[PDB]
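Asks: Here is what each chain is made of, one letter per residue.
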Amino acid sequence: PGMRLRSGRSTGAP
Amino acid sequence: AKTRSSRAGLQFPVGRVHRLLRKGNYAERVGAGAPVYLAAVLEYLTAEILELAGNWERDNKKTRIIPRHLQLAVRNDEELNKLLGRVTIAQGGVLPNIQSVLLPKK
Amino acid sequence: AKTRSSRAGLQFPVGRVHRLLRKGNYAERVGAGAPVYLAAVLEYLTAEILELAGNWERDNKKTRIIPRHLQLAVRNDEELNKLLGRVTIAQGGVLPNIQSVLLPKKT
Amino acid sequence: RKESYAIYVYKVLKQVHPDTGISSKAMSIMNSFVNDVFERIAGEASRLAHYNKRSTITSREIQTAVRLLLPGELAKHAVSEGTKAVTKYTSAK
Amino acid sequence: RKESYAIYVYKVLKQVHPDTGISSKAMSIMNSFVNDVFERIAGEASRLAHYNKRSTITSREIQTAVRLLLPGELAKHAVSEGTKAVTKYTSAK
Amino acid sequence: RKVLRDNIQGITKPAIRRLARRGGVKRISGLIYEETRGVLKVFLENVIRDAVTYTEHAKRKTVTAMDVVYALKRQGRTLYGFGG
Amino acid sequence: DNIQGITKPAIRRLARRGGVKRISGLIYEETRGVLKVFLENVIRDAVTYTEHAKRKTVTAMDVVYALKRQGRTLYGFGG
Amino acid sequence: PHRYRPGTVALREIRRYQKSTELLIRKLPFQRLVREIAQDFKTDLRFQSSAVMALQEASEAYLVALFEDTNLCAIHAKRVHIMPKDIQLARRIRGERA
Amino acid sequence: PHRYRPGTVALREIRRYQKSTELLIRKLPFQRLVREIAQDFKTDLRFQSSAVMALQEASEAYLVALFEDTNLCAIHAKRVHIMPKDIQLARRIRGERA
DNA sequence: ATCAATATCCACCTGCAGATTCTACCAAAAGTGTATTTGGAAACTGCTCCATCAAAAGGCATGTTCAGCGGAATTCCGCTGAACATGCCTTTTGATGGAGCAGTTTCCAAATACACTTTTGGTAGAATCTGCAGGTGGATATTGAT
DNA sequence: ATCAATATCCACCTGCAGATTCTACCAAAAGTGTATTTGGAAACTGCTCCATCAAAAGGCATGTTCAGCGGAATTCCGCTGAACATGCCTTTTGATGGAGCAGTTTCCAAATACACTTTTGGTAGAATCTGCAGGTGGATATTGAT
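Protein chains in written order, with the authors' numbering: chain K, 4 to 17; chain G, 1014 to 1119; chain C, 814 to 920; chain H, 1430 to 1522; chain D, 1230 to 1322; chain F, 219 to 302; chain B, 24 to 102; chain A, 438 to 535; chain E, 638 to 735.
No lab work stands behind these hints: they were computed from the structure. Please note that the accuracy of each hint is not assured.
Below, in silico cross-link-like pairs of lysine-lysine (DSBU-like), each with a Cα-Cα straight-line distance of 30 Å or less [said to hold, decoys possible]:
{"id": "1", "chain 1": "B", "residue 1": "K91", "chain 2": "G", "residue 2": "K1095"}
{"id": "2", "chain 1": "B", "residue 1": "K77", "chain 2": "D", "residue 2": "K1313"}
{"id": "3", "chain 1": "G", "residue 1": "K1095", "chain 2": "F", "residue 2": "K259"}
{"id": "4", "chain 1": "B", "residue 1": "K59", "chain 2": "B", "residue 2": "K79"}
{"id": "5", "chain 1": "H", "residue 1": "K1505", "chain 2": "F", "residue 2": "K277"}
{"id": "6", "chain 1": "E", "residue 1": "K715", "chain 2": "H", "residue 2": "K1505"}
{"id": "7", "chain 1": "C", "residue 1": "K815", "chain 2": "D", "residue 2": "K1231"}
{"id": "8", "chain 1": "D", "residue 1": "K1231", "chain 2": "D", "residue 2": "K1254"}
{"id": "9", "chain 1": "D", "residue 1": "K1305", "chain 2": "C", "residue 2": "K836"}
{"id": "10", "chain 1": "F", "residue 1": "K291", "chain 2": "C", "residue 2": "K895"}
{"id": "11", "chain 1": "B", "residue 1": "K91", "chain 2": "H", "residue 2": "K1431"}
{"id": "12", "chain 1": "G", "residue 1": "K1075", "chain 2": "A", "residue 2": "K479"}
{"id": "13", "chain 1": "H", "residue 1": "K1517", "chain 2": "G", "residue 2": "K1075"}
{"id": "14", "chain 1": "B", "residue 1": "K79", "chain 2": "H", "residue 2": "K1431"}
{"id": "15", "chain 1": "B", "residue 1": "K91", "chain 2": "B", "residue 2": "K59"}
{"id": "16", "chain 1": "E", "residue 1": "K715", "chain 2": "C", "residue 2": "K919"}
{"id": "17", "chain 1": "C", "residue 1": "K895", "chain 2": "D", "residue 2": "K1322"}
{"id": "18", "chain 1": "H", "residue 1": "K1454", "chain 2": "B", "residue 2": "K91"}
Working from the sequences, and respecting the hints, build out all of it.
Replies: Given below as structure tokens:
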């Protein structure tokens, strides 16, 4: 799980 | 052989980032954690922008991101806009905006 | 033994400047011309601003240059004013200047 | 040759909008974007170390540099992500 | 020990105006002045060298730097003083 | 010792007029003073925020004049006279 | 001249993109003057990079660089 | 004889141009003006087609933004007309003038 | 019973303050504002006397330079009375707003 | 146009903080001098891609006309500057205790320095593929005259 | 409220410039293993200078009163820019020798890197020096009432 964007979404996946 | 970006769990080139720091005359020495921390920060801000630019892409019913979208993404976002407040995105237009004192009448 | 400075005909220290360019991390190496040339441009500029300040001092019937003299000198010279356009000289005040519309009368 | 962050920019794109493409012109802007920020952060990093008479930059600098360069929330998220990439990177082998 | 340009500013002061002094606050401004321009020129020089994939800062980089940074006249005279100084220095041995 | 509050009011009406004077201002509206303190407060918050960031990075508990000087230069307000 | 080649209709379009609804006739001349001062400051620096690199061709980077130090960074023509 | 009242079309164009991204100055005239101005810094020069485009892009964005601030000054003085003095006051505050 | 017309003393003041270079804000007061603002950003902080001086110096040179722009903005609107809208139009153009 | 009321200008005066004047130690500069390494100018050359010529392309220049905007004139309400009385709190001088910045010696985790091996991101000539810009059309929203 | 001249919109269509996927060779990286080196935290602690409380007085903030005149609302008209249609000249689009920007090779002046040897800019501190800040008083404005 990658990074958390301000919007709440994340990279997920590697 | 496993790459550092993998160890750091990043998309960005941790090696490259690291290579650029040293060959950039920023300091005598470069800690091993610097490029890692940095690569992350660059990847993260990159995601942040594509994220919003992508949104602008669908708003205008388009599947491919072009400069306009990037402009719309950055200027429509108080923080990214401040970050790039003295940057000009070539082929990025301007946000639609007409000073109220200048429209119609009743 | 001769200071590289005297060799170049300069008052400013060529060695110190050569030194600081290294420690400053501006490039891998630093040719010997660099410090000579830079120390000069620096020495030339201080002479330029001191010439003007000293005059400002004189104009004010003062023997000792102070910040205000430095400000008057700089802000009264198109070129220096620009070179320092985003610099603030502590204790330097501003140039006497009042917009016309603000003055009394007409005729 | 001429390196660019293009592929990585692209890999990150698909992580967020898997069905969205990107024009070359746009890619060119993202690269200018990355190179820019890189430079700003690296530069600030550099200064900090010089101010404090330090020879090594080192994730401390990169971080303080982020705090100094990135706006509000944008910086909050940035600092964690970085602090995370360095931990994950460290806790391995 | 804390270094300064104070004596060199002073020498020069006595050259242009033999009977004029300078208060410490004034001298301090002067000290900031030099370090300031010192930094800016070195910086421009730094970047010029990189843009051109060179690892050395020669008098030449410094010169172009002085041209990009100083306004019209000041630059023409700075370059003069510079070229002249290097030349004399060279033929010094 | 003592809780610090409402000091932006230490930026008295008099002090603010003087400033507009050195600035060439002849007539001042009654609403200027509050607007001014608000503007001064943002300026001080940004400059101090940056200065203190330097301090913490140096692991000191004392904000130095260099901290402020480095802070000012970041914001494009380079100051001469304090070691900077 | 060539500066007059930057026509009224173009300055009108530019102005429009910036929200301008009414344009005083004396504007066009004033605009060209401003645009000239702009190009002079940028080109001057850009060419100074060109010369420093012993070239006879101003490059996009030569421009991207001038612009950057003019404090007007441009994304799109080279990192 | 249909006939839009003054300001209706200008308002139309404002809508239009704030939507698109294309440069609004004709390329060749611009291309001439650039070379002409550069010819005073170095004789016999060549410009990559990209350097010109970058240069034009920087300029239009500059002017456009300068019109925005100019409009602000005009509106400030309770007008709806950008005048030379408006551009002047704006460039002045910007630090480009004095 | 003497009495100067409104504006006479004001003009006297501009000429006066434009002649001196001493700080116009009370020192002790300014120091607290700084210690307050600073304190809400981080606790148990200390200040070198000279650091407070630097902040005052920066601040006043800032506020003064801002007032000139404001003053121009009012005059632009054909007033001699600076108002908040003036300070605001200036900061917007300057790029502190925008 | 004179007149009284005050502020401004100015040369003189002098106690004093701040600057100039040594004395003396000296660590850190800075310079002198073989040794080793090498960045980059110099000459040579192929391949872009840039300046140029030319025919297809479509936007700018010109003049009539008049709507509506800017600026002059007028007017009045009330806000803001000048003047004054009252007294608070900042500023100045000082002495103090101790936080905390700063110097110094120690010393190991971490970085630089190769050496070698593995991979990978960039160039490419080639084939293949697709988001979407214009274009048509027919519906309907907008503006403006009546 | 009533058309009607137009602009704007939306659904649908498809050609292709531009994005994509491909096979492929490869210098340049990026990773990896070994040896050497040092930058900077740690512990100790000298001593700068910061927070503070003390005390006093007068500089200057505060609050008020009062009315001059600036701002802003308003009416108004002279005129300047906006809209528009007529006429075509300049810019745009595509094809082509060739001037240079780059890729490779070369080798020499110049830049390390290291060792001492020498000179100097900082500084500590007791010390005499001196420009001028701020007090003074009178001569010359400058200002506002008449």
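Asks: Between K77 (chain B) and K1313 (chain D), does the CA-CA distance stay at or below 30 Å?
Replies: Cα-Cα ~22 Å, so holds.
Asks: Against the 30 Å threshold, does the CA-CA distance of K815 (chain C) and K1231 (chain D) hold or violate the hint?
Replies: holds, 24 Å
Asks: Assess, step by step, whether the Cα of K1305 (chain D) is no farther than 30 Å from the Cα of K836 (chain C), and give holds or violated.
Replies: holds, 29 Å
Asks: CA of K91 (chain B) to CA of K59 (chain B), is that 30 Å or under?
Replies: holds, 19 Å
Asks: Does the structure keep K91 (chain B) and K1431 (chain H) at a Cα separation of 30 Å or less?
Replies: holds, 21 Å
Asks: Please work out if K91 (chain B) and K1095 (chain G) have their alpha carbons no farther apart than 30 Å.
Replies: Holds - the C-alpha atoms of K1095 (chain G) and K91 (chain B) are around 17 Å apart, at most 30 Å.
Asks: Is it true that the CA of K1075 (chain G) sits at most 30 Å from the CA of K479 (chain A)?
Replies: violated, 45 Å
Asks: With the threshold set at 30 Å, check whether the alpha-carbon distance from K59 (chain B) to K79 (chain B) stays at or below it.
Replies: holds, 22 Å
Asks: Taken at face value, is the distance from the CA of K1322 (chain D) to the CA of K895 (chain C) at most 30 Å?
Replies: violated, 39 Å
Asks: Need the status of pair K1505 (chain H), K277 (chain F): alpha-carbon distance at most 30 Å?
Replies: holds, 21 Å
Asks: Would you check the hint for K1231 (chain D) and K1254 (chain D), treating anything up to 30 Å between C-alpha atoms as holding?
Replies: holds, 16 Å
Asks: Is it true that the CA of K715 (chain E) sits at most 30 Å from the CA of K919 (chain C)?
Replies: holds, 17 Å
Going through the hint list in order, the structure does not satisfy hints 6, 12, 13 and 17.
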